[PDB]
Amino acid sequence: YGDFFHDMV
Amino acid sequence: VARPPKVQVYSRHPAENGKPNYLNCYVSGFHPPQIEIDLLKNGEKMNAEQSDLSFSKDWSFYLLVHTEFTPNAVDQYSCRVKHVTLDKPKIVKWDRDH
Amino acid sequence: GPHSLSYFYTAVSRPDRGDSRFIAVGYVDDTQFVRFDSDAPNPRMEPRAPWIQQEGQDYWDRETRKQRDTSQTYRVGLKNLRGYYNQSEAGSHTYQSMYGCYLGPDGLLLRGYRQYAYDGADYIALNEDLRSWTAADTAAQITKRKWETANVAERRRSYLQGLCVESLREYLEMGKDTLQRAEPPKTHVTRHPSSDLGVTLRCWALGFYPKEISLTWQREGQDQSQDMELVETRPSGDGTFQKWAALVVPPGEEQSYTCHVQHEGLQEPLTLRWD
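Chain order of the listed sequences is B, E and Z.
With the working numbering as the guide, the letters of the first sequence map in order to residues 908 to 916.
With the working numbering as the guide, the letters of the second sequence map in order to residues 3 to 100.
With the working numbering as the guide, the letters of the third sequence map in order to residues -17 to 257.
It is worth saying that the hints were derived from the structure and are not from the lab.
We treat Cβ as the ideally placed atom computed from N, Cα and C, and that holds for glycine.
Warning: the hint list may mix true and false statements.
Now the in silico label distances, taken between C-beta atoms and shown as ranges [stated by the list, open to error]: (1) Z:209 - E:3: 24 to 34 Å; (2) Z:252 - E:47: 37 to 47 Å; (3) Z:204 - E:99: 24 to 34 Å.
Cross-link-like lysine-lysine pairs, in silico, BS3-like; alpha carbons within 25 Å at most [unchecked claim]: (4) E:8 - E:92; (5) E:84 - E:95; (6) E:43 - E:90; (7) E:8 - E:43; (8) Z:126 - Z:48; (9) E:59 - Z:193; (10) Z:158 - Z:168; (11) E:59 - Z:126; (12) Z:48 - E:59; (13) E:95 - E:8; (14) Z:193 - E:8; (15) E:43 - E:92; (16) E:47 - E:92; (17) Z:168 - E:21.
Generate coordinates for the entire structure from the input sequences, incorporating the hints supplied.
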């Protein structure tokens, strides 16, 4: 199961 | 800082003429991911499957291009690779010893 | 030795098309089991190993949602990174992330990681303690402060110790007949012409799983890796792997060299020589 949380550089 | 591809061309099983096999071109260690990898039969591009883009722990990419083939004594196979790090296409021939 | 679940994300800018492409792949150990490709029409997380197909519609629906949201943030982020590095819109650039968990012998997280790269260079990484970041340059420091202000590390740590390990455990059971059965190499040695004063001996290991293997040449017990050609372990195409190691030896001297193979599916080291 993938990691869900918001991923913003 | 772009990294050039390494290329191996090989059969899934030891080759014996007239027996169906699988032909693989494994290309690894390259960066950026834009690349063209063609398996060739007598110089002609084969319509071979390509794996999903993945990469290694050092961030360099790898791809497997592969298709069925029945080797014989006449047909010659190679893999041709084009990448921004290559000023000419990289060509590796398939032989049964590697 | 220990099992792992890992995801690998690649986003690439496409200036000519004024958009970007995001590709995700997921692995258990050395076995790919899912993919997502933003370029696919109506993109979904797709099965890439037979044992994952038993997941229900909720799984595929929710995994697809995660990737669609991640795809969009990585696309927007490519724009930020170009500004950070004073890059024009003319060039293509590459943003990667990888993350995963290794299963310890007690069923606990052995080690988790989450790392990022830009144009092939380490960009930012979660530290070993899963509580702080290391940034590689002044651009990455902008990202680090954003993620510190938003407390991103806590969520990554929670995922890596929890859902990642429990997902790994569920997957290992679902595909136990392949993921937990080690296939040993089929090994042999061949000889080939080389040059004046030298024939080549090639030690083959074919059709093994998982990928980790040891192939060495010994001349009276002494390691020959200095003059050895060792090719990168390579996929067979059916889920197994291949490797070989070759050495040039003096003619007539072949029987003074031995090839030694170590693999998890062997359970006892092997020796072999030319026939």
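Problem set entry | Pair hint residue 48 (chain Z) and residue 59 (chain E), alpha-carbon separation not exceeding 25 Å | holds, 23 Å
Exercise. Would you say the C-beta atoms of residue 209 (chain Z) and residue 3 (chain E) sit inside 24 to 34 Å of each other?
Worked result: holds, 31 Å
Exercise. Between residue 204 (chain Z) and residue 99 (chain E), does the beta-carbon spacing fit 24 to 34 Å?
Worked result: holds, 26 Å
For this session: Below or equal to 25 Å on CA atoms is what counts here, so check residue 43 (chain E) against residue 90 (chain E).
Result: Given pair residue 43 (chain E), residue 90 (chain E) holds - Cα atoms ~20 Å apart, limit 25 Å.
Exercise. Are the Cα positions of residue 84 (chain E) and residue 95 (chain E) separated by 25 Å at most?
Worked result: holds, 15 Å
Exercise. Is residue 8 (chain E) within 25 Å of residue 43 (chain E), Cα to Cα?
Worked result: holds, 20 Å
For this session: Please work out if residue 8 (chain E) and residue 92 (chain E) have their alpha carbons no farther apart than 25 Å.
Result: With a Cα-Cα distance of about 9 Å, the restraint between residue 8 (chain E) and residue 92 (chain E) holds, given a limit of 25 Å.
For this session: Below or equal to 25 Å on CA atoms is what counts here, so check residue 59 (chain E) against residue 193 (chain Z).
Result: Holds, at roughly 14 Å.
Exercise. Has the given pair, residue 193 (chain Z) with residue 8 (chain E), been kept, meaning a C-alpha gap of at most 25 Å?
Worked result: Roughly 18 Å between the alpha carbons, so the hint for residue 193 (chain Z) and residue 8 (chain E) holds.
Exercise. Regarding the pair residue 126 (chain Z) and residue 48 (chain Z), is the alpha-carbon distance no greater than 25 Å?
Worked result: Roughly 22 Å between the alpha carbons, so the hint for residue 126 (chain Z) and residue 48 (chain Z) holds.
Exercise. Is it true that the CA of residue 95 (chain E) sits at most 25 Å from the CA of residue 8 (chain E)?
Worked result: Given that 25 Å is the threshold and the Cα spacing comes to 13 Å, the pair holds.
Problem set entry | Holds or violated: residue 168 (chain Z) to residue 21 (chain E), with C-alpha atoms at most 25 Å apart | Cα-Cα ~19 Å, so holds.
Going through the hint list in order, the structure satisfies each hint without exception.
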